[PDB]
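For reference, the chains in residue letters:
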Amino acid sequence: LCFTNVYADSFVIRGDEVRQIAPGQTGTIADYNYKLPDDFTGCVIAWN
Amino acid sequence: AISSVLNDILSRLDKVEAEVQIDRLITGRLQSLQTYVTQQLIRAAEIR
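Which chain is which? The protein sequence lines are C and B, in order. Sequential numbering of the first sequence, starting at 390, is according to the authors' numbering. Sequential numbering of the second sequence, starting at 972, is according to the authors' numbering.
If you are wondering where the hints come from, they were derived from the structure by calculation, not from laboratory data. Beta carbons are placed, not taken as given, at the ideal position from N, Cα and C, and that holds for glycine.
With beta-carbon atoms standing in for the labels, derived distance ranges:
id : chain 1 : residue 1 : chain 2 : residue 2 : range
1  : B       : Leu981    : C       : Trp436    : 34 to 42 Å
2  : C       : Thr417    : B       : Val987    : 16 to 24 Å
3  : B       : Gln1010   : C       : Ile402    : 51 to 59 Å
4  : B       : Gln1005   : C       : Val433    : 38 to 46 Å
5  : C       : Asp398    : B       : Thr998    : 29 to 37 Å
6  : C       : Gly413    : B       : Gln1011   : 34 to 42 Å
7  : B       : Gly999    : C       : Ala435    : 33 to 41 Å
8  : B       : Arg1019   : C       : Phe392    : 51 to 59 Å
9  : C       : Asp405    : B       : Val1008   : 48 to 56 Å
10 : C       : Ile402    : B       : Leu1004   : 42 to 50 Å
Far from chain B by the CB rule (all over 10 Å, computed), these chain C residues:
id : residue
11 : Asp405
12 : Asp420
13 : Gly431
Put together the whole structure using the sequences plus the hints.
Structure representation (structure tokens):
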């Protein structure tokens, strides 16, 4: 494939917060410090 | 859908689940207008 533009959003979270990083979410990360849009196209890459 | 009343659904589901429940009401409703207008275009043809 090819893409118009690309980003990497980089941060550290609790392993029990990885679920909040999916689009269409609620919880203190999803609400107050990192939200994804509904039409989100992209990938969440998460590891211990 | 979990109700006939469109606002109630918003009051219970997020943008991903409201979209499913609401798209039943849109599809069924749009099929209702596509039905009535067909019966009426036919009725009208009798009247002509």
